[PDB]
Amino acid sequence: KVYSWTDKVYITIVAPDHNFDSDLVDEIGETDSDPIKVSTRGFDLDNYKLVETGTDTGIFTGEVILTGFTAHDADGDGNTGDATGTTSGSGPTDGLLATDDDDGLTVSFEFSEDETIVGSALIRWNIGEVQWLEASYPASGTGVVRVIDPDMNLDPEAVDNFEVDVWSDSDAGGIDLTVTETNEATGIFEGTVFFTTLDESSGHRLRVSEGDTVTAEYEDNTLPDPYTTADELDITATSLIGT
Amino acid sequence: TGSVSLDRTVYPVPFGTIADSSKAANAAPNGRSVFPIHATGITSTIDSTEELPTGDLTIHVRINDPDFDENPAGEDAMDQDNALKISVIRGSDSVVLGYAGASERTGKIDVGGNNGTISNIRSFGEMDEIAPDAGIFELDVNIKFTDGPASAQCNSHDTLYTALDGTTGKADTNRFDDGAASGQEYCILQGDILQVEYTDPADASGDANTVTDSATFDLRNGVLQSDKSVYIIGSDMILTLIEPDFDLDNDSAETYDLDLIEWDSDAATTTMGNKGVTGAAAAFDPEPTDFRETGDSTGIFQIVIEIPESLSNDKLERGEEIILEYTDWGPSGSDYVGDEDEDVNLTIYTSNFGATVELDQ
Amino acid sequence: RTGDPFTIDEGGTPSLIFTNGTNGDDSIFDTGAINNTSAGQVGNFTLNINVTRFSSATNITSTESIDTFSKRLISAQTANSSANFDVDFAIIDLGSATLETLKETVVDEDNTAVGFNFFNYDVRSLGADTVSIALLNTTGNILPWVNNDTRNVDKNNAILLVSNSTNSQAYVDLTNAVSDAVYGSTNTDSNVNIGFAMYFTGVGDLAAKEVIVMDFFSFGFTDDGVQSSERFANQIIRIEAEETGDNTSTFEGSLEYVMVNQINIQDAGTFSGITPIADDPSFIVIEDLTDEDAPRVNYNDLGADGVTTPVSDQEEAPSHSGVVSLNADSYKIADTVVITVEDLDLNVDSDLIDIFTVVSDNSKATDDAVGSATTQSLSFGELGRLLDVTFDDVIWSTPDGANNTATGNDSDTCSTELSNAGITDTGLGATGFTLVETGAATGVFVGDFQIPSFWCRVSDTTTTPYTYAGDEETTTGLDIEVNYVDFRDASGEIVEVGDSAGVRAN
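First to last, the sequence lines map onto chains A, F and E. The first sequence: position 1 = 1374 (the deposited numbering), numbered continuously. The second sequence: position 248 = 1260 (the deposited numbering), numbered continuously. The third sequence: position 274 = 780 (the deposited numbering), numbered continuously.
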């Protein structure tokens, strides 16, 4: 019912009346007589193609990849072009469509002349959610932290990685934790840190001490209303090291 | 509709030799991407005989598309030009290593997956059917330590680059289509992402489709252990090293130098290899000559060591303290292989069953 | 096919022309010789042409085509068989191929630990009496060809491979000079163009179609040869199967392979011993070949639906983990001791019994051990050593050489000290111990010898020859061991295995 930017859309049109040949996979949407159009505010794909699931099933399907706009920093690392803004493709599956931070998507089908059917959805940014897997850790254990922000699914067909900041009371400088996506379109990220007590914090190692709270924070560059395109909210989670 | 799958979900970060850096000679990595042997064996500065040979990752990519099985009892190939893309991404920035599907061509790495002419980019070449009736295709591609987005962390590497093009040169332009930013170098860090995308020219619906698999680079710290704590002098001990950093190729069992381990005791301090004190190598009688994997994909290495009589013309005592030390260049702490170190230790004993003297009368 | 042979199509579809004429007095075909010297192998290629009374007064030109899998140059001509007609040369342009294309197969042979180059040619279809083949390097055009007199640009244009041979089909070993000549050029490899030149005698006629085959094979390893990426074998094998009956469309052939061990890998004999083209070919396996790398035979086929669809079969070629055993747990003086090695990979021929013998050469590190006098020092140990026998973890060797002058307590050296005791079994090499395969293709090797009363200990093994002690010692109360080194275990890597037993006395 609601999507996110750079998210993958699947469309199912159940139109049995377009099963012209019982032994051929039927195509809809590629002609002036029978057009379809997938559009967001600002950009559209016209004469898009949808294909039949099986030869005599009468169900048509397709997929389009949202792309967002090229002028942003979802990472917050200061160089733009995190999400390429591209629009092309006229196949059942190879659709690319540009999008805005707050937007709407619609799919239109003219099955007979001077009648159309439409399906609509919303496109909204989302807040981040960060938590350690366990409340307490040992002084020599290893740490994994889970962050959930569907807006960071920059590639829906690939696994994505971004850097969370990890520091402790002992060392405020801390480390940059690289979290990674569990699956190509789940938008859930996880990473691993070593706990040292007798050495410097470097890479994924974090110098800590007994009863020393550790902190991991994620800067949400993709935040919906009431916040603006420029607001940079910080979500962080903490855990205590008690032996 | 095709599917593509990668060899493994997690990969070690690759490293290099001293021959890759243009930095001045030193007795330590000094921020270079090398994996030195234990310090007790190092002679002055690090030279070619005092580090593990170049560690290049080898991955295997398989595409399961029956539509390319034209010959049902004969060899086939995936002949669809540039239908497979291999890329390394770090956050937003991306680097495309090459294409497969077309006849092999000398090219360069692409920066940002952005380059206008695809003929300029490296092609890995046409893939081959694993069996005549399988319908599955495989590619073998080699990933060096220099292949990824430019970063400030790797400015310490005075990197000389392997010229992918026909020319002989050690500049970033010879291997990448775009020069690196000043104060930055191209490299792989821990937490980077490897993805392959397959552009199926005919899917279940008869049109184009893109399918993908992904994996992460990672480094882990080693566990060193033995079969039992106490050994009789001259007995055989089983020594085990758990370094996932070292399973560079899944298909083969990787071999690693035995000089990585330290033997320090009252008798002598030695590397238990060809770089130890004179006659130490023969005093241990390793079988095999050095570490070896216990299978294709285990990351577990075993060696059989005989407890010496006399290391350096000094004989071992009963109950003597023996420490085994391995320096894991590339712990969990380090971001690249080089950089920080962590020491993993094992303690073992010669046996101490007291003696008695008896007389008849 | 295995690895990357350099077939006649390596640079795309070749270009071939035939010609009549005579060799120049400076031609490598008239002045060269095959004597492993630059003076003999390396030269330039000059000729004088008389095709003025040829049809249309041009050199015979051909239409070329290449087989997909068999890699056979088929040239179509106008068939001429007249008493006037005759040809002498053939010049081939190998398409785009350059020294970059050649150097990815041919190895240096001086900067490679173990390397051998082989050339395989079949020109039987021409019906010649003698043939000579030379590889051509140049920065100009292979066709049209130019003599040195007109183009004074290059120091040398030709490399001689075969000289005036009477065999139209042969599988030859190239000399070091050929490998030295390919890597010797100062020019960058991309600019230099490569091609074949041939000289004939007794080619009186040409048919409508003729076939030519020319390949380069390479075998060896680089560095230690421990890593898989460091082992290479480049070869192509063609099966000339035979029809079972008159009207039976069934065609019968065989394959066989030799797995490489630490001994045969050092000898160029093992690689030149295979038959690349026959009804029963053989090929070399450098390591375990399973799954995607399993050897496969391909047959291009014209189907009943009219489309050309290949058919293929593969079979895996595993390696085997060797075991070595000793028949008894305790021996006594002058007891027969029998050693057996169960390694299937050591069977290299199915027709003949396979035998391994002990080395007697005081100038090599593999002395008084079962293996080869030819040897090298590598990471895993010594490359020429396959089996040896030790008393108290020390090599059982005869006191001979230059370092046997120690007298010990008295003024008698250990060698004469043994002789006074009537002992002739001075070491493993002197008992006549050999490993003999039980059957033609059983894969089980057995040897035996008799335990001596005295032996001479080796003081220092780090010198060649070994340094021997000054006094003989009894064998009683010492353990006896046998050590076998498997060059290829179940994984294709190098490991050592052994067995032990005790010598006793009463």
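Calculated from the structure, these hints are not laboratory results. Just so it is clear, CB atoms sit at the ideal spot from N, CA and C, and this is done for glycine as well. Hints may contain errors.
List of simulated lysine to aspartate or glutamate pairs, DMTMM-like, C-alpha gap at most 25 Å [said to hold, decoys possible]: (1) F:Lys1287 x F:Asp1059; (2) F:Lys1287 x E:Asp729; (3) E:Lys609 x F:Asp1059; (4) F:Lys1035 x E:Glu606; (5) F:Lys1327 x E:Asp729; (6) F:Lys1287 x E:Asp985.
Using C-beta positions, here's what the derived DEER-type ranges look like [as the list claims (entries may be wrong)]: (7) A:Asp1417 x F:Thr1013: 54 to 60 Å; (8) A:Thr1460 x E:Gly812: 41 to 47 Å; (9) A:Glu1583 x E:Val829: 51 to 57 Å; (10) E:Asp916 x F:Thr1359: 46 to 52 Å.
Which numbered hints does this structure break? Numbers 3, 4, 5, 6 and 7 - these are the hints that the structure violates, sorted from lowest upward.
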